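Q: Residues per chain, in single letters:
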Amino acid sequence: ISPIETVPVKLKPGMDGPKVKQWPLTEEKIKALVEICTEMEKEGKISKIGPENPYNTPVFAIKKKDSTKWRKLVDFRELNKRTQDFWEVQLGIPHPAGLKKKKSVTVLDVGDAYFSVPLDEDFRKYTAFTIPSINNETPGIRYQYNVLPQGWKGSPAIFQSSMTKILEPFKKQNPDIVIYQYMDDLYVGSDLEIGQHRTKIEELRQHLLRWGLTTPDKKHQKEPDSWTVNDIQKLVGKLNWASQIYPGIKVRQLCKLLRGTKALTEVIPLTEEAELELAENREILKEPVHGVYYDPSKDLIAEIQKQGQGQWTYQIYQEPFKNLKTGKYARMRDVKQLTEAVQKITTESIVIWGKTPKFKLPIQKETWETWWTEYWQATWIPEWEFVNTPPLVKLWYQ
Amino acid sequence: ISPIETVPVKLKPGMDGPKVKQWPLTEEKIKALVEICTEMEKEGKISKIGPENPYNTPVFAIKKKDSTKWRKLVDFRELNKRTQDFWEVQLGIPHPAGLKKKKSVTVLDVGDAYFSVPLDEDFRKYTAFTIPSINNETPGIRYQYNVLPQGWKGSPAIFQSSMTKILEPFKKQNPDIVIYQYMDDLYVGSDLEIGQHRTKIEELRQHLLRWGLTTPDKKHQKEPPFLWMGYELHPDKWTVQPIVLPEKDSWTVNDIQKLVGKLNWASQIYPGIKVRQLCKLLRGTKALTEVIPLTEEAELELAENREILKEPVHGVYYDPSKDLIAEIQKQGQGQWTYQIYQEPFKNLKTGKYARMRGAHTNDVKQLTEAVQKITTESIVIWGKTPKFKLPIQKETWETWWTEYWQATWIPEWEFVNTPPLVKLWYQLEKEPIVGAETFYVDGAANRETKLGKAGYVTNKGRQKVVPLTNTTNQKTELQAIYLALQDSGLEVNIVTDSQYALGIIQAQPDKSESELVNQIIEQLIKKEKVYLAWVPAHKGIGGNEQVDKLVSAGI
Ligand SMILES: Cc1ccnc2c1NC(=O)c1cccnc1N2C1CC1
Numbered sequence: 002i003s004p005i006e007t008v009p010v011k012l013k014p015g016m017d018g019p020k021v022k023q024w025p026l027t028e029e030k031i032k033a034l035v036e037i038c039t040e041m042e043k044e045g046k047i048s049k050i051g052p053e054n055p056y057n058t059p060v061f062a063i064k065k066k067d068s069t070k071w072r073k074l075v076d077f078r079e080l081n082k083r084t085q086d087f088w089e090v091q092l093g094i095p096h097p098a099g100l101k102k103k104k105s106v107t108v109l110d111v112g113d114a115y116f117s118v119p120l121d122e123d124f125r126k127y128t129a130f131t132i133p134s135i136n137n138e139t140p141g142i143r144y145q146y147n148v149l150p151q152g153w154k155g156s157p158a159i160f161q162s163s164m165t166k167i168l169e170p171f172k173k174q175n176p177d178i179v180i181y182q183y184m185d186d187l188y189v190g191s192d193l194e195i196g197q198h199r200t201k202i203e204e205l206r207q208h209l210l211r212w213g214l215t216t217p218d219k220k221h222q223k224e225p250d251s252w253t254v255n256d257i258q259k260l261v262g263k264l265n266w267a268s269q270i271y272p273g274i275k276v277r278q279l280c281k282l283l284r285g286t287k288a289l290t291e292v293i294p295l296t297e298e299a300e301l302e303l304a305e306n307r308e309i310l311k312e313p314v315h316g317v318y319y320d321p322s323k324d325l326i327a328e329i330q331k332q333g334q335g336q337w338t339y340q341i342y343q344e345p346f347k348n349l350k351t352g353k354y355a356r357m358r364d365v366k367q368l369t370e371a372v373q374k375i376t377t378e379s380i381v382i383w384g385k386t387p388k389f390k391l392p393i394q395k396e397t398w399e400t401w402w403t404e405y406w407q408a409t410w411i412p413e414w415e416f417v418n419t420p421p422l423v424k425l426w427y428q
Numbered sequence: 002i003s004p005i006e007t008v009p010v011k012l013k014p015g016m017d018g019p020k021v022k023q024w025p026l027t028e029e030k031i032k033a034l035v036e037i038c039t040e041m042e043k044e045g046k047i048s049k050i051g052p053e054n055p056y057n058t059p060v061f062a063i064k065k066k067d068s069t070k071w072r073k074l075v076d077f078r079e080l081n082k083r084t085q086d087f088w089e090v091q092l093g094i095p096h097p098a099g100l101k102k103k104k105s106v107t108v109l110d111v112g113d114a115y116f117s118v119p120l121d122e123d124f125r126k127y128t129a130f131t132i133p134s135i136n137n138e139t140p141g142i143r144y145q146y147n148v149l150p151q152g153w154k155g156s157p158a159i160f161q162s163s164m165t166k167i168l169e170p171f172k173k174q175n176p177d178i179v180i181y182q183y184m185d186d187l188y189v190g191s192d193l194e195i196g197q198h199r200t201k202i203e204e205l206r207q208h209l210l211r212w213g214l215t216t217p218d219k220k221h222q223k224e225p226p227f228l229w230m231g232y233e234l235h236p237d238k239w240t241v242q243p244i245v246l247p248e249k250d251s252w253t254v255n256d257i258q259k260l261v262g263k264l265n266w267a268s269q270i271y272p273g274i275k276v277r278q279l280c281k282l283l284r285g286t287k288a289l290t291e292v293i294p295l296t297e298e299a300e301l302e303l304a305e306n307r308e309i310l311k312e313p314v315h316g317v318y319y320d321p322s323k324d325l326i327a328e329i330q331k332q333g334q335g336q337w338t339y340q341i342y343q344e345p346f347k348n349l350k351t352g353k354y355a356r357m358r359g360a361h362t363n364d365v366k367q368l369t370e371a372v373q374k375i376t377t378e379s380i381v382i383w384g385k386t387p388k389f390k391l392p393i394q395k396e397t398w399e400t401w402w403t404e405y406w407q408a409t410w411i412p413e414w415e416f417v418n419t420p421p422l423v424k425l426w427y428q429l430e431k432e433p434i435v436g437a438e439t440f441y442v443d444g445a446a447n448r449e450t451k452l453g454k455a456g457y458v459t460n461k462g463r464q465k466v467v468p469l470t471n472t473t474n475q476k477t478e479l480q481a482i483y484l485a486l487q488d489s490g491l492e493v494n495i496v497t498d499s500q501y502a503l504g505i506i507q508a509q510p511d512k513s514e515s516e517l518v519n520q521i522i523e524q525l526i527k528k529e530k531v532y533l534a535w536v537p538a539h540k541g542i543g544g545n546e547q548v549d550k551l552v553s554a555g556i
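First to last, the sequence lines map onto chains B and A.
Read left to right, the first sequence gives residues 2 to 225, 250 to 358, 364 to 428 (the deposited numbering).
First residue of the second sequence? That's 2 in the deposited numbering, and the numbers climb one at a time after it.
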């Protein structure tokens, strides 16, 4: 028996519950989903069947780590827009601008807590959803959540008081270690404690279990000559173009070099306004030279990952040719490659900005909807968009 | 009535019960809408007089077609609108292609059902209507329902739902005789010796009848090869039925729209049907009655389709599980098609894939586009992706994803000797050929004056210009490449000031959709080594400033 012990969750003026879809899951994928949900229903509260409420929320069944069992990854993306973004004002868990500065960060899936511990009242009806049936032969019936849904940002907003007190005994015994709760996950980060963090983390993975049942099941240790003419079609062309994400900085007296015609001959290699501009530009290209590049916690963080070969270059920027961070993930031998990058980026946007970015993926809309859910482990869901036909590299890098 | 469990129904927040009145069809109306409304109780009490305090709704009697008695009608649209987003919608079509095979199935229809199941009580008050009582000075006869009313979306959602509650104990007391429902229609089927099937239908019809739902039949009443949504089906196989009647020209867009309709439905199993040219011309036609002139080829798409439409194309083994589920894309109808199958002859599902998408997304790239329709399709029809029998093979495929500017992933695919289509028609040398006559490209044209200019200028002091009138710069820059090719042999390196122009060539397209591009391709297929390269739109680049000049002045 709990019994009564809620928190008044509500939606922004002029809103209704999501009425999304549910992607037609592979059968085996539903078979499990159907299992995860039955134990959940008998595991009480966590779920109970609905029948006269329209709201629905995408639901996927997946596995995580080296895999053995499965797990539901429920896509509360519109309920967020619909509740959290609104109920993002107070309840809100603010973001520590040092978590990155604290160079070593282990993250713990402390989210199981959200379950039976606390709950929804009067609003359970919006966390509805459905588990399918191959070819819709049966009206694959729908459940309703009766506890905090391990998914929406609306939960930790609710669970920050319980979570705060629980983490209190540690925040002192082990003073300033920056702990950041984001959404079912904790970025306990710390200074380069000589490989150590292995310790304190398991220390906390344990403190959680002692002083509560909050469980980050396992230590979770994510512990971190020929200067051909054509060569200038290249050199210039991109050079001319790099400085665009810059002011009108010189390239031209290096430029003009190719006058007249004749493209397989070498130009110079050795000149004033050439070497003393190739280089002049050369020294100009180093990350920190920037300018009025600023985050405006008010304009969405757009991102554009560019497929490189075995490698993949990515670029998080807030508004046009003004990147706020532009690095490259890369693992040789690919849809399941983007998969690993789109995650790497968000898990990094977070540590850095308390919010995931909106992805512009170089993939066919639907070759993703079919298996992003293959090697997709993380519990949050970056909001993506399929931007194709196409990007422009042939440099950008070197 | 029905002893079943009522579903709570609240009126969209803020709103209220319908205030819609009407004005009589005299004796014709009332009289019909009474000798019946009186049976809304005394012959199965389906409503109760309760005339003053509630709201209202539209009474109206119709009935005519193929029968003998004046039917009532009240598909109340206001009530209909003061609650409606409310339920989760009936929404799905099981594709026969996957319905596994039962030995014997049956479709017991159900009696007036959406009226047997009950309707709340803290609601009904808004399902009232007034029948003027007596003649002209008709006092006012007012009812209100007690069951699902006809034409009120609560009905289908609640109904679909009340009946699968009822069909559960049964559907538990004897698995394996699993069933399906779509409106007054239960397509019950199992693999039982006809005999016992005969009685286990009685049980289903009996368990029904003790929950209202008095299933009208004589233990399976219905012509054995039922009419699904099209899909004339049978545990044997399935198909589609009447498919045509196109008299002769006066062919308006209204018609053509339906013909690609009739043809597409048919795609299901009839092999190689292929609507490109019959909806091709179907463009603009902003008006139905626009008797669009057909064309030369449309006649072939109707033609070649015509003959295809025999009957040596019907059904599948249904899902018959344990068999690989091969799916080969015998692609090449001057477009792309596929058939999902299980074993040897008889197919499982036939579906095309015309690609109304791209500046000639190649064979390789159109093929891939097609694997994720089959893959997406399969995943929904049988809950899995197919083995693929593909007319392509490594190399071609291999290198393209490996080097295509975007991402993609494909299930087990295996190749088969047939009409290749392996579009490795022309590839481009990445390093500017030396001992080659590099041509400088530039074309131009004015916005107002349609004055275009087909440029080019090589290192061998060569040059030429062919004028063009009625183009746009993004056209002159391609003729500006056609020439360069057309005026050279074997090698050839082209330098342009167009990202677009190359994007076409580089994407290495195919198929005539813009004749410049159509020929700028054929040249390539046969020109030992080539190498497009970009140079910043003018800005005085070497070789580009020069040609720039040629094509500029003349505007
Ligand atoms: C139209 C329809 C939709 C869904 N399932 C079925 C049917 N009807 C059949 O007649 C049918 C035919 C073949 C196999 N299953 C069938 N059945 C299944 C129930 C035995």
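No lab work stands behind these hints: they were computed from the structure.
For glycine and all other residues, C-beta sits at the position ideal for the given N, C-alpha and C.
A hint or two may mislead.
Stated by the list, open to error - Pulled from the structure, derived: some chain A residues nowhere near chain B, Cβ distances all over 10 Å:
1. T165
2. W410
3. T439
4. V466
5. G544
Claimed, not checked - Derived DMTMM-like pairs (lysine to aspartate or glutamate); straight-line CA-CA distance at most 20 Å:
6. B:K395 x A:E89
7. B:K263 x A:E432
8. A:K374 x B:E28
9. B:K259 x A:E438
10. B:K126 x B:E79
11. A:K388 x B:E404
12. B:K263 x A:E546
13. B:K22 x A:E89
14. A:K540 x B:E28
15. B:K287 x A:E413
16. A:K431 x B:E53
17. A:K166 x B:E138
18. A:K154 x B:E53
19. B:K424 x A:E89
Q: Now look at each hint and say whether the structure bears it out.
A: Here is what the structure says about each hint:
1. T165: Incorrect as stated: the minimum Cβ-Cβ distance to chain B is 6 Å, not above 10 Å.
2. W410: Incorrect as stated: the minimum Cβ-Cβ distance to chain B is 3 Å, not above 10 Å.
3. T439: 4 Å, violated
4. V466: Non-interface label on A:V466 holds, nearest chain B Cβ at 16 Å vs cutoff 10 Å.
5. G544: Since the minimum Cβ distance to chain B is about 5 Å, A:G544 lies within 10 Å and the statement is violated.
6. B:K395 x A:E89: 27 Å, violated
7. B:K263 x A:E432: 17 Å, holds
8. A:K374 x B:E28: The hint holds at about 18 Å.
9. B:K259 x A:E438: Distance ~19 Å between B:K259 and A:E438 Cα, so the pair holds.
10. B:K126 x B:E79: 14 Å, holds
11. A:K388 x B:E404: 19 Å, holds
12. B:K263 x A:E546: Holds: B:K263 and A:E546 sit about 18 Å apart, inside 20 Å.
13. B:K22 x A:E89: Judged against 20 Å, a Cα distance of about 11 Å means the pair holds.
14. A:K540 x B:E28: 58 Å, violated
15. B:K287 x A:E413: Measuring from Cα to Cα gives roughly 49 Å; hence the hint is violated.
16. A:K431 x B:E53: Status violated; Cα separation ~62 Å.
17. A:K166 x B:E138: 16 Å, holds
18. A:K154 x B:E53: 11 Å, holds
19. B:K424 x A:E89: Violated. B:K424 to A:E89 sits at ~50 Å, over the 20 Å cutoff.
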